[PDB]
Amino acid sequence: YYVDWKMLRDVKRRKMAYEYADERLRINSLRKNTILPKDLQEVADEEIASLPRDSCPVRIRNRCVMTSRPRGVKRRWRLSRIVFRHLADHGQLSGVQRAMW
Amino acid sequence: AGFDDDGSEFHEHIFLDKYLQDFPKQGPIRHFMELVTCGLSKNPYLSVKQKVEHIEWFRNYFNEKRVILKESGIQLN
Amino acid sequence: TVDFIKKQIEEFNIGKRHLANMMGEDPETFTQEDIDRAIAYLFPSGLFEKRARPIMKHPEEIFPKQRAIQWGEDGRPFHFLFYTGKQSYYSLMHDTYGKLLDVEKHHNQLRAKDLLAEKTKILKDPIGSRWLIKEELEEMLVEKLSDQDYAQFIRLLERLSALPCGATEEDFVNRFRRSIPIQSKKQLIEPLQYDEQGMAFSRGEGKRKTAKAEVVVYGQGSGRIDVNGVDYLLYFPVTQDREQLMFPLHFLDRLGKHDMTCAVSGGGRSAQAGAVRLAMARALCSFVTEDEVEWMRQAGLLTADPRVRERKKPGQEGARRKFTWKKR
Amino acid sequence: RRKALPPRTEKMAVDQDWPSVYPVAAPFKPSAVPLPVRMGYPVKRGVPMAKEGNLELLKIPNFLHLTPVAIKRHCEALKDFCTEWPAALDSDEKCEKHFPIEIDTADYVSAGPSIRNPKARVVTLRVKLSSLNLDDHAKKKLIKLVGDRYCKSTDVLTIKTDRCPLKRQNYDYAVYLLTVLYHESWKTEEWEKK
Amino acid sequence: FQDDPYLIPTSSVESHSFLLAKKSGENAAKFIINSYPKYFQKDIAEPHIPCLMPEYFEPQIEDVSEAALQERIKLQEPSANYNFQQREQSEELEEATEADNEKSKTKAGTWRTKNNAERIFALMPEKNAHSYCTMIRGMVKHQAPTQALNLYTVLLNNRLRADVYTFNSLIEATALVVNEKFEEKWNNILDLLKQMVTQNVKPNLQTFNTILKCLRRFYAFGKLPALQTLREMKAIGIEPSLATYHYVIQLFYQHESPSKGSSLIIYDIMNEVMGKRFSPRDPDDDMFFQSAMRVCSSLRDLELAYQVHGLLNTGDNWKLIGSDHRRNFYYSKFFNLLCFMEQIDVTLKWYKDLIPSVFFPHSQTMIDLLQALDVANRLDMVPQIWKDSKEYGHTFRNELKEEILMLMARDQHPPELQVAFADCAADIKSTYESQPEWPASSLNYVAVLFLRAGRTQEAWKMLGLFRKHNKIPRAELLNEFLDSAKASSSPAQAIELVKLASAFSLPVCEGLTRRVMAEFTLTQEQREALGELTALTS
Amino acid sequence: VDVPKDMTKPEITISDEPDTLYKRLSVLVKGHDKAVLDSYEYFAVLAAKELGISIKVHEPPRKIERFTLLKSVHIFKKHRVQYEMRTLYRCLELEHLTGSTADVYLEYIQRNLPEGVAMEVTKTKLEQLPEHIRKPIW
Amino acid sequence: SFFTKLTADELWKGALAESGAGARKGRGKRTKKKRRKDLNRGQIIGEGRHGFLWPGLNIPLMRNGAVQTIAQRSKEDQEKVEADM
Amino acid sequence: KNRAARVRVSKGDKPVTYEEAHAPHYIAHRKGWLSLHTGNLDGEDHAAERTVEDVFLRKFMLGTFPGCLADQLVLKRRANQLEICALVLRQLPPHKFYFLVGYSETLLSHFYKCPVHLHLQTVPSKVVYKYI
Amino acid sequence: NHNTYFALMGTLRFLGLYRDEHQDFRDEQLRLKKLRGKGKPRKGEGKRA
RNA sequence: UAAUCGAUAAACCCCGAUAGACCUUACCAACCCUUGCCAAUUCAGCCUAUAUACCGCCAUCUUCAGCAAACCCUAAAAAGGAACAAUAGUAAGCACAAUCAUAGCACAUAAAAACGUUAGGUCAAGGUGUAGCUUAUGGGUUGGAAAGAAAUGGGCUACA
Ligand SMILES: [Mg+2]
Ligand SMILES: [Mg+2]
Ligand SMILES: [Mg+2]
Ligand SMILES: [Mg+2]
Ligand SMILES: [Mg+2]
Ligand SMILES: [Mg+2]
Ligand SMILES: [Mg+2]
Ligand SMILES: [Mg+2]
Ligand SMILES: [Mg+2]
Ligand SMILES: [Mg+2]
Ligand SMILES: [Mg+2]
Ligand SMILES: [Mg+2]
Ligand SMILES: [Mg+2]
Ligand SMILES: [Mg+2]
Ligand SMILES: [Mg+2]
Ligand SMILES: [Mg+2]
Ligand SMILES: [Mg+2]
Ligand SMILES: [Mg+2]
Ligand SMILES: [Mg+2]
Ligand SMILES: [Mg+2]
Ligand SMILES: [Mg+2]
Ligand SMILES: [Mg+2]
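Chains as they are written, first to last, in the authors' numbering: chain AN, 28 to 128; chain Ah, 311 to 387; chain AI, 70 to 397; chain Ak, 51 to 244; chain Ao, 89 to 163, 201 to 234, 240 to 565, 572 to 674; chain AJ, 52 to 189; chain AE, 88 to 172; chain AC, 36 to 167; chain Ai, 54 to 102.
It is possible that some hints are incorrect.
Claimed, not checked - Derived pair list, reagent style DMTMM-like, types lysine to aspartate or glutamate, alpha-carbon separation capped at 20 Å:
#1 101(AN) x 84(AC)
#2 479(Ao) x 242(Ak)
#3 169(Ak) x 314(Ah)
#4 94(Ak) x 204(AI)
#5 122(Ak) x 89(AJ)
#6 119(AI) x 89(AJ)
#7 186(AJ) x 234(Ak)
#8 406(Ao) x 57(AJ)
#9 92(AE) x 98(Ai)
#10 100(AJ) x 186(Ak)
#11 119(AI) x 84(AC)
#12 482(Ao) x 65(Ak)
#13 147(Ak) x 182(AJ)
#14 375(Ah) x 46(AN)
#15 186(AJ) x 67(Ak)
None of these hints come from the bench; they were simulated from the model.
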């Protein structure tokens with residue numbers, strides 16, 4: 028199993044975003060330019076809206092890997108602020124130490 | 311090591327003008343495809359075949375949607 | 070634990086031979102400094118505490134001083150002061166008092182015979198002699214000591230030293246004396262240099278508030294300062310900044326008698342002026358005699374400025390200004 | 051049936067060669083090291099912990115396989131693979147006259163299962179304009195053609211290529227740009243007359 | 089092996105068991121990897137190492153007969206089931222599809243072979259080149275070469291040439307069948323050899339390897355054709371492998387027992403062999419070094435034992451001997467010689483290098499240590515060898531401890547080695563009484585050890601422990617200990633000696649009674665001298 | 052005493068293609084602790100001295116990356132815990148090398164690189180001139 | 088969901104709550120029992136719910152002089168072992 | 036009061052190892068890191084990919100060596116091959132030790148697509164540094 | 054892939070090579086719960102029955 | 001209002017959250033699925049209640065110095081244990097101190113601060129004992145979670 032149902036749904040969102048990465052990249056090119064006439068751009072808006080909801084990368088939420096905490100998570104280690112401390116204080120992460128200056 | 315990129319060279323990545331021959335030369339389609347080609351040519355994250363498919367996608371999309379280009383008022387093929 | 074230390078001796082010796090074999094140096098010429106370098110190379114532990122680094126020393130250096138056996142196989146203690154708790158300290162005190170009484174009797178006999186041949190050896194100021202601290206007495210007398218007992222021993226030593234001294238008791242007291250280093254805080258004076266057909270040349274370095282300054286001084290030129298290729302008036306429009314520049318020159322009456330080029334990097338408008346002041350002061354030492362260098366360092370030109378910006382602390386505003394604390 | 055064996059310390063020879071004991075990187079097994087070494091913060095009445103069961107000694111990297119004798123023995127065997135540097139290029143002044151083109155290439159290493167590092171594709175080319183056959187007109191055209199990638203004070207043209215995924219593609223792209231810049235700085239077009 | 093002492097093997101059987109346990113661990117992991125491939129489908133390494141990918145034992149296509157066979161041949202019973210399913214729908218199989226299917230049976234796998247072989251010829255007109263490669267290789271282990279001899283004639287009549295692997299098997303097939311006649315079988319091999327050159331196929335290394343392999347089990351006087359074909363190999367330009375010399379050395383070893391002249395032939399051929407760096411390009415190169423040092427160990431030739439030891443490390447120290455059963459025999463027979471020809475210094479210098487490092491001696495090797503120490507009268511190393519024998523030969527301790535202690539009775543006892551004399555005896559005798573038959577000869581050793589050491593107190597206690605063991609030693613020991621007691625003026629021990637000896641009726645009790653009388657006269661104990669006479673009379 | 056004989060058998064061949072030349076090979080060794088970097092500096096300098104390269108070694112300034120996290124779990128923002136990451140740099144500056152000499156030095160250097168450190172290799176390849184630019188006129 | 092698991096010592100320390108804040112002054116003792124059971128008491132390492140026999144853990148390494156392969160107990164033999172445990 | 040990575044002091048009879056006897060404010064001062072790799076450096080990447088493997092290795096080794104693990108693992112990462120230094124009590128026989136070491140050296144390699152070394156150091160018991 | 058991690062560890066626990074103390078604790082607690090008499094009801098009978 | 005929750009004296013109030021258009025989101029209204037993430041499990045899953053059962057993490061006294069195992073003594077002992085020209089106190093250890101970091105010292109800062117008090121905060125970082133849901137207090141889709149009559153805390157901008 029996964030840690031949480033929210034994590035379960037986020038994995039599906041990431042998978043479908045990767046599956047539709049190319050299509051959205053191609054459709055957004057027709058919308059983000061001024062050279063082409065607006066008549067085709069209004070239809071481009073329609074087909075980019077016709078895509079499934081979870082396909083956009085905006086719905087992707089960066090949670091923690093271990094505890095799936097939706098907030099307080101560092102991007103470098105993909106770890107929550109609590110699990111990161113729990114590991115660093117035990118010394119299982121290299122180069123990480125208490126700051127004294 | 312272990313990544314040859316199908317034995318491609320710099321001319322297969324930088325110069326994609328050879329794939330723009332079946333497009334209107336003097337229309338806004340060239341204005342848009344030249345920016346697309348410039349973007350793809352500065353892309354080290356993709357192989358040559360993926361850029362070929364990227365060009366072919368615009369190819370078939372433009373050749374499929376023919377009524378809109380004729381209705382827009384500009385003569386496009 | 071005597072046999073354990075004895076085995077540690079042979080283990081340390083065979084390890085020393087094997088370490089010499091590893092490094093390829095002569096085990097006969099292989100010394101403790103070489104042991105330290107060898108361990109620092111083989112086991113490069115990066116730790117801020119030096120005692121946590123791998124260390125290989127003599128067992129009598131690593132292990133503390135162990136108490137010897139206090140009684141024989143018949144149960145009778147060896148020393149006669151064993152039942153006093155601190156046999157070594159009380160034996161030292163007893164010996165000191167016995168020698169005090171011996172000195173008293175000898176001096177009484179000498180005074181009766183009207184013979185004064187002793188001298189005052191109590192003042193050892195030019196040598197810099199001091200009395201042992203409690204730690205230096207605890208490393209000698211292996212058992213633990215007390216502050217009041219240490220003070221009593223020192224006060225008895227003063228009584229012994231306040232009496233006419235002979236030969237043996239002076240040597241006995243001398244082993245309880247430590248010599249201090251020279252607390253002379255005189256600085257090193259840079260010798261006057263001559264570079265490329267130029268006379269009266271010197272250099273100085275200064276640093277204040279993250280601003281590094283180098284001053285090149287010529288004692289044969291006229292009075293002018295060139296800062297970073299431009300004039301000092303242009304570089305320091307503020308009057309106070311130029312007052313800082315005049316502060317070292319005016320004190321030594323060397324305003325128009327030196328030509329100087331200053332190169333300063335970092336800091337703000339006043340930090341650069343202060344760093345240039347410090348560097349200029351440290352550079353003008355060579356062109357003056359010794360009696361004015363002390364006046365200058367007592368005026369504050371030769372001392373750096375450790376007043377640096379303190380780091381902001383979490384939960385506060387400016388490392389001192391706390392948040393608005395609401396009582397209720 | 052428990053069985054405890056005395057370590058190799060009692061069997062270690064005094065003149066035994068240490069490269070034979072520690073040829074490659076090892077986790078510093080205490081039974082293979084006759085060196086009695088104590089690592090750790092001492093106790094007020096105790097002493098730093100010995101080598102047996104010491105985690106601090108295992109944490110640190112050991113350079114026992116890189117003792118000076120072993121380094122000598124290893125480097126002596128590598129002399130057959132290396133080639134001799136020509137003495138005709140001892141000083142940079144003749145190196146600039148003979149090989150004026152410099153190719154800055156970046157190589158990276160990191161511990162892990164992965165090799166691909168995106169910073170490895172960047173290739174730099176540095177060429178001095180004082181070693182080419184440009185005339186006055188072609189030089190003044192080339193300066194404005196390149197723009198800010200030419201240093202006026204040092205007279206060096208820099209071409210930094212990233213567009214190609216591979217290092218070899220970036221390299222031959224860079225030499226192509228150098229050739230094209232040289233050839234296009236020579237052509238005087240109609241609009242140059244105004 | 090792991091370098092931790094708790095994991096370092098102590099004996100050869102322990103090393104073998106540890107290696108086998110480690111191997112069991114690895115293939116147990118591989119079983120999990122193959123059984124659950126979906127847990128290892130994710131790839132992290134960029135170079136995409138293929139050896140770390142899971143393997144699949146399932147066919148890709150099941151419905152198509154032409155596709156199922158090519159998978160099930162390479163992946201035993203499923204191979205036959207694939208043929209049974211392919212022949213159900215009358216699917217035509219060419220000469221290439223079933224050749225590998227037949228090879229699959231020839232590799233793994240009596241009565242089923244005939245049924246399979248009928249499907250080989252009757253079903254399809256298959257090519258002879260793909261027929262013999264299965265048949266002739268199958269019936270050799272099926273123990274029936276008479277029908278392979280018929281397929282040879284079928285192949286000859288079908289105008290198709292015979293490859294090297296045909297004659298590799300046919301010569302051995304006709305050689306193994308012997309009925310009161312060997313010359314006819316050898317002549318058949320000669321006829322096949324002369325047809326071999328006519329059939330325009332060069333005789334490879336393995337052909338002359340097999341013809342020589344055939345000659346060892348029949349005649350001890352068959353070395354003349356063996357040497358002739360040995361020279362015939364050199365005449366063509368093919369460098370022989372190790373087994374080609376090994377079989378010659380084997381037959382020469384067989385003829386070496388009655389006449390020692392062939393040993394010199396072995397030596398002169400070995401001298402020419404050892405002049406180059408070799409490469410094990412033949413799978414049968416394992417027994418060569420076994421034979422080449424058994425020839426030297428039987429005839430006690432260390433001058434060439436050193437050269438045989440030097441031959442293997444010339445090419446490669448490990449790629450020459452396959453199994454550990456043979457490396458143990460290697461080192462045992464090397465050190466059997468090395469101990470007692472060359473000097474004790476050389477023996478001890480090689481002892482610490484071969485005994486604890488490579489492999490642990492067998493029961494044969496340990497006796498050679500004793501024989502090497504006894505001839506040169508070396509005593510300082512006896513406790514040094516005994517401590518290693520405790521850990522290595524505990525299994526043979528009950529059968530070999532008897533001969534490790536006689537060396538002490540042959541040499542003298544210096545006054546500086548009393549502690550070494552005491553420690554070994556104490557360690558030997560303190561373990562058997564806590565559990572191990574105790575022989576009476578070790579008491580005669582401990583008595584003489586303590587006699588010159590002057591320790592009668594410890595010598596007396598251990599004597600009674602065996603007298604209470606329901607067995608009594610000889611009376612020479614009793615007389616020696618009586619001399620020891622009278623030297624220290626202890627008459628109290630002699631009365632208990634004689635009382636517990638005369639009751640068990642030693643054969644030299646008549647002299648034991650005289651020695652106690654002399655001791656009592658010396659120590660002024662005539663009252664007790666008469667008292668013990670009264671006790672023995674009663 | 053038992054030393055094997057004929058232990059050496061390498062495969063070395065000399066090709067006719069001219070060897071590549073390098074002017075400066077920069078090595079930036081980054082690590083967490085200074086003792087490992089110092090021992091590695093000693094090892095690399097000594098190994099370069101046997102091969103005759105005349106290395107120059109200097110220490111680039113360190114980089115300290117600090118960040119701040121909450122001290123408690125649910126609600127305490129006045130109290131924080133600050134963590135630190137130190138990165139120390141060593142510069143092995145090599146000059147006057149060839150393609151094969153650089154390859155062998157990098158072999159002996161990277162094969163024994165520690166676990167907690169990383170290396171950045173910057174090669175300045177030498178090249179005289181390409182072909183279409185030597186002395187052409189279009 | 089494997090990274091969400093902890094050590095049995097940590098599980099028991101929270102289960103028994105021996106260091107609870109209410110048990111310090113004396114508010115506890117209402118349910119006066121604290122029993123901790125070690126789950127690895129009679130747990131032989133090699134045995135599992137599948138009943139696999141491994142030559143290194145459950146069964147000896149060698150039988151009849153030959154190497155033992157990976158085996159598996161029968162359904163009824165596994166049930167007998169289950170009844171024993 | 037700080038409570039992270041700290042074993043509390045008992046009446047004076049608990050045995051505590053050197054790693055547990057030091058608070059987290061002593062890391063890199065008195066005690067070192069239990070794992071070394073390059074992802075935690077300044078201009079390097081792929082820190083989380085190694086961190087997740089680190090945690091999985093801790094848990095997998097704890098479950099694989101039940102009750103015989105003395106201290107925490109030392110996870111070295113050096114040129115595509117990861118070494119696992121473990122301190123193990125001599126509770127299992129060497130026959131079962133050698134089964135598990137060989138099992139792990141291949142299972143971990145096939146699960147991480149990278150060579151894995153396993154080194155075991157056998158201790159008679161848990162070594163005690165502070166009071167016991 | 055937490056699914057791969059969890060499934061792999063569960064399978065090795067079942068074959069007896071990995072030992073999951075947390076899962077053993079859960080199993081022991083659930084066994085005590087079912088013995089005392091408050092277990093997990095069947096699907097479809099909790100509400101109506 | 002159909003529309004979360006917790007904190008809410010010092011020790012809450014730009015606090016969980018270094019962060020809310022769908023997601024996040026645990027809230028609500030409409031609709032769908034019930035061995036329903038996993039190899040399997042009369043099983044999964046619950047952000048359901050209990051922080052007055054917990055672990056893990058912290059606030060507070062607190063830059064206070066005391067806590068405390070093994071002992072010994074008191075004309076009995078609930079408890080206390082000190083006189084330095086010394087009258088019953090030895091004492092491992094945890095604290096403090098020392099050391100370490102802010103790359104030269106000193107100072108300063110940072111860090112550390114034991115045993116315990118507030119049944120202090122956190123079942124909603126995560127696991128969890130106990131009591132409760134299982135065609136639902138579980139799992140998915142869509143749309144909404146206003147607004148300020150009013151009071152107050154902390155900051156930014158200024159009133160020159
Ligand atoms: Mg959960
Ligand atoms: Mg301020
Ligand atoms: Mg609220
Ligand atoms: Mg509330
Ligand atoms: Mg409160
Ligand atoms: Mg929604
Ligand atoms: Mg929402
Ligand atoms: Mg819910
Ligand atoms: Mg509470
Ligand atoms: Mg105090
Ligand atoms: Mg009391
Ligand atoms: Mg105390
Ligand atoms: Mg300092
Ligand atoms: Mg201070
Ligand atoms: Mg603080
Ligand atoms: Mg402190
Ligand atoms: Mg409460
Ligand atoms: Mg509450
Ligand atoms: Mg919960
Ligand atoms: Mg709740
Ligand atoms: Mg307001
Ligand atoms: Mg605030």
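Taking the numbered hints from earlier one at a time, note which ones the structure violates and give those numbers from smallest to largest.
-> 2, 9, 10, 11, 14 and 15
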